[PDB]
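Excluded from the complex is one protein chain; the other protein chains are retained at their positions.
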Amino acid sequence: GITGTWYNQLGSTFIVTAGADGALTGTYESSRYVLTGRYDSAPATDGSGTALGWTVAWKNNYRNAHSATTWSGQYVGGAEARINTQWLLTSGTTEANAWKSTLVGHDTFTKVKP
Amino acid sequence: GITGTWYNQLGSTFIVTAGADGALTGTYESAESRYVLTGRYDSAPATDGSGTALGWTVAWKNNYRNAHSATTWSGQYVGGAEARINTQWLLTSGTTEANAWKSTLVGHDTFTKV
Amino acid sequence: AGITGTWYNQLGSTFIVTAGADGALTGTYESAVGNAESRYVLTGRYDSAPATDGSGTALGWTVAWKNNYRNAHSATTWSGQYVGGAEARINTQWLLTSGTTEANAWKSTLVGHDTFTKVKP
Partner (left out) sequence: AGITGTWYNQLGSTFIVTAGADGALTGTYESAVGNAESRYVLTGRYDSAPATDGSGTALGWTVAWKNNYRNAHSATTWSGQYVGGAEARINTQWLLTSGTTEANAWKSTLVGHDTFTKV
């Protein structure tokens, strides 16, 4: 299922546990940073994926970028499991610079290094 | 300044605690309407007028209903006399592969303390 | 009343647009932010026969940030809808992509939202 170690298309490492209560917990390496999120613990049974999302704030004991990324996507099971996401990366800014505070992109995760 | 009750422009209620370790925990009401949220924030933001970066996720399942979807909010907290949390969001639904192209909505929410 | 006219966003930009009978948007955009000076060409499209159920009118346009004065090597697209009324408004969300190397492409695109009114805020 969702629990496991995943890799995006650029080589980041996403180590996640999907708990019984809908919780996502784990670490993200782009050293390691804390992540938390949520997932649908009772998905549909019609072939649809499992909706999920998580957040990393880019502060650890070694660096602070004053920013945070959220990933929103779905887990698609099968022979080659995948998590397909789109993400928003917001930096702390002054009000005058807030218009350019948020980057957007898309990450796809598999259980194999790219 | 983050811990407490927040209200968006469309009548939703965001009840959050900002923990010392960078955790966001709480509930989102958009009892049957209340959902768990979890996320992260920068616990050591700059002191130069910049906002505090943060994000959180709600999966739209509770003990009463399940939309098979999840929203992530990415944004910044801005303190002061009229404090705000300014966000952009992504809402992904679980879909089949054929319908995945239309799986994700995007928008923006502004939260106030009053 | 209608899309054709001069509009202003919340940050002081000026959007001068003509909505043609064939669905064409043409005009000029002047930005108060970024690596920008004076007017830039815009082109886009709008729904020339919107629904009659109270819905807004879908539209979109593009500015490439090159003119006779500067070139930021970037382009913004706005996607949104015109909402008529006593306080006419165009509500948009936008994507701003810069030309980058492949190694930097992951951070090539900014996202935001602009609301336009015919009265300058």
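The letters A, B and C name the chains in turn, as written, and every chain counts its residues from 1.
In this text, a contact is a pair of C-beta atoms (placed from the backbone, for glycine too) under 8 Å apart; a residue touches a chain by one contact, two chains touch by 3 or more.
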Given C:14, C:77 or C:117, the one touching the chain that is not displayed: C:77
Residue of C:14, C:109 or C:117 touching the missing chain in the full complex: C:109
Sole contact to the chain not displayed, among C:14, C:28 or C:100: C:100
Missing-partner contacts on subunit C, residue numbers: 22-25, 41-51, 53-66, 71, 73-81, 83, 91-102, 105, 108-109
Touch residues of subunit A, complete complex, unshown partner: 86, 104-106
Sites on subunit B contacted by the missing partner chain, in the whole complex: 10, 90-91, 101-102, 104-107
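Criterion: only the chains that are shown with their structure count from here on.
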For subunit B paired with subunit C, centre-to-centre distance based on mean C-alpha positions, whole Å: 28
Multi-partner residues of subunit A (each touching 2 or more other chains): 88-89, 102
